[PDB]
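Sharing a structure below in structure tokens format, with a few things to ask.
Removed from the display is one protein chain of the complex; every other protein chain stays in position.
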Amino acid sequence: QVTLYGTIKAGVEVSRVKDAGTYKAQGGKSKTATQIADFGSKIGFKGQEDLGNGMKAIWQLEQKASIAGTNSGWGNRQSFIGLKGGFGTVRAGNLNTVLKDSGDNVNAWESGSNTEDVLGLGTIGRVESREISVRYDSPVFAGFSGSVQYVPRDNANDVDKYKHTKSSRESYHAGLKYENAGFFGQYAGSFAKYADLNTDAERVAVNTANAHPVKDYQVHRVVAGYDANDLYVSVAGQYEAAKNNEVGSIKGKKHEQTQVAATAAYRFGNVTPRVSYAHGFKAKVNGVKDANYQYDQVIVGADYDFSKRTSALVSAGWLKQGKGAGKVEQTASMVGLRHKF
Amino acid sequence: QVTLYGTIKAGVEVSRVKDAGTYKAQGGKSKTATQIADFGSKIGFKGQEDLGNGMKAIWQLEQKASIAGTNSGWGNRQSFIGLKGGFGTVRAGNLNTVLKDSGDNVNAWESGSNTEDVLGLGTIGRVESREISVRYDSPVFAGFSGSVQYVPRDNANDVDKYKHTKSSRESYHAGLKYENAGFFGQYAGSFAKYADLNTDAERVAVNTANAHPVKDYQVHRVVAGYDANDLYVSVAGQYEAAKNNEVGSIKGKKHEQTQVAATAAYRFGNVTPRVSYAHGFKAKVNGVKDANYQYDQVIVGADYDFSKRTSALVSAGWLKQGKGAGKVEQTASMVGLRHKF
Partner (left out) sequence: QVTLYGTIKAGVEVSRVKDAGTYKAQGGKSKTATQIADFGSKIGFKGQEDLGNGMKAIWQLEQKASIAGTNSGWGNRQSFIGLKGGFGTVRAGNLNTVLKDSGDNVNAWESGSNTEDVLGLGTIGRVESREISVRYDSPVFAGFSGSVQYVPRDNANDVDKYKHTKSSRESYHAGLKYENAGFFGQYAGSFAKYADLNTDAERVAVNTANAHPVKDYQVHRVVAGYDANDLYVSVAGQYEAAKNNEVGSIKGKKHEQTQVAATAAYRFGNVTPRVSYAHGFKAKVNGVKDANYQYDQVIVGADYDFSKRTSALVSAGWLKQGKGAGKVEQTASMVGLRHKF
């Protein structure tokens, strides 16, 4: 037993950026770019086999498959092997981060890469990723279900395998989930004694060029909401903080930012309008308030369901970053199509 | 509903090149090289879903899959998503160029890459390609069927997305087709206000190293012929011209070349002999006659059909390029196998 699946999603997206620093014409406005873009098409193979008494073996190989022909490689999307049974589920491989799964109730938009921060809640999703790791998921007991996941010190840094001279970048991920009559709330987060971030607060591999080492890197996320009776509402809160670990005068100083995201949608028959807001409060960088990281964004859109597998998509987004003259505003809109197989 | 398809084609090809400039031994003759080569094996996944009243959703991901293990990546061959119905068909993605489809009645040979110009009509097919774009194909009305296709300015040049400082490389492609009782004629072509060509008259991405910018780049192709009753005959004509747009003394001057190709084949039971000729008249480069682009080529061969999906292939080709001492002659022959699945 093995099945083939995936989804092909593409559309045309119009965008324009307002930046006074990089564009000098007309009050900092760039020209409007119109493109055909892949919304992240993917194709995978998964299978399962009953082993006898309550245990089943499970594997999956999923790849990024852009219909523009820009992707390549196997298992770059969730791909794994594991075992399931009464005890729950245990998987190893390129695995989604518990915080990446919790992303399903946080970001419901589709878009191309270039517009992932204005046509989708991309900024609050800068903490999500896939890591080579092991992961446990306990069954659903009384509406409760949980997940614990770990990334080895030698998987987070291979170069340092035999000479442990760099602080371990090993990390733990966990999440808890409660569901009842259409009401659901969940906590998801991750902690890393030592890790590296780029200037976009995203986690990068040790020794990336412009990467800033950090200590006690922790990410927290709580998402609660209602999903049933043609109605969907979702509020999410997220806190991120770490201590500067880059040798120099500012080592030890604190980094932190709070983000909130809101989304609601109603299902009229085959049309589902939807709206989402997101904000990133002023961020503390090296102990000081940094307003460059503050942002406000709102996305409105609707999905037309031709069938349970095919949808037509339309959406627009207004995004503002920073404050003052270093400020950047992004507006974009798209129309596209999604087919799940 | 989703299907798996592709074809595996390989063979051994013998070749020798006669060039007085690069080879000094024996009147300019090179040694004879004999290789095992992939004839362009490929594998793809496509699927369709009825949406209700006369509309069907359609997608396809096809990749180059060489059995020599030299290819990599997804959707580098025609890959797309679109909709079909009474109105015809509409597709977006890595799509074949209307001129690339018209190639089916122009080049019927199989070969490895190194011999695509001597074991196949490759020179007349230097205008064919795949471009990220949208494309319309109207139904077949009274033997008539048509196709209109467009490649965005920001898809033909991504770097220039927000600062339109480079002339648009957006292009249009169209073709018309008539079929009646085994008789068929079609026009296919493309126009680009601005584009770039390499010295082989092939279109390359803006800012390729040795790439010459051009203006009013247009390609025309007419192919007519008979295909039925065990008989196949096909004549094709092709015109290409553009104005030099490379800043300097020769900007504005005219480039152009006319190419013709002929092919016929008769089906004795399971054997199908075939022969093809092709010529490239002297080309006008910067207004001046250039005989380096002139060429003559003839390919003879036969296909043995073991079954409708499997064939045995044999072919030879004599090709002469240019005139005089800069002249190059290529001769090659091959025996191979093709399995379609």
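Letters are used for the chains, namely A and B, taken in the order the chains are written, and counting of residues starts over at 1 for each.
Basically, a contact is a pair of C-beta atoms (placed from the backbone, for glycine too) under 8 Å apart; a residue touches a chain by one contact, two chains touch by 3 or more.
Check A:5, A:45 or A:318 against the missing chain and you find that the one touching it is A:45. Set against the missing chain, the residues A:5, A:23, A:74 or A:266 yield one that touches it, A:74.
The missing chain lies against chain B, touching residues 4, 8-10, 12, 16-17, 23, 30-31, 33-36, 38, 41, 43, 63-69, 71-73, 306-307, 309-310, 337, 339, 341.
Remark: the residues of chain A touching the chain excluded from display are 2, 45, 47, 49, 51-52, 55, 57, 59, 61, 72-77, 79-81, 83, 92-94, 130, 132-134, 152-155, 158, 161-164.
The definition used in the following text is that only the chains that are shown with their structure count from here on.
Annotation: 41 Å between the Cα-based centres of chain A and chain B.
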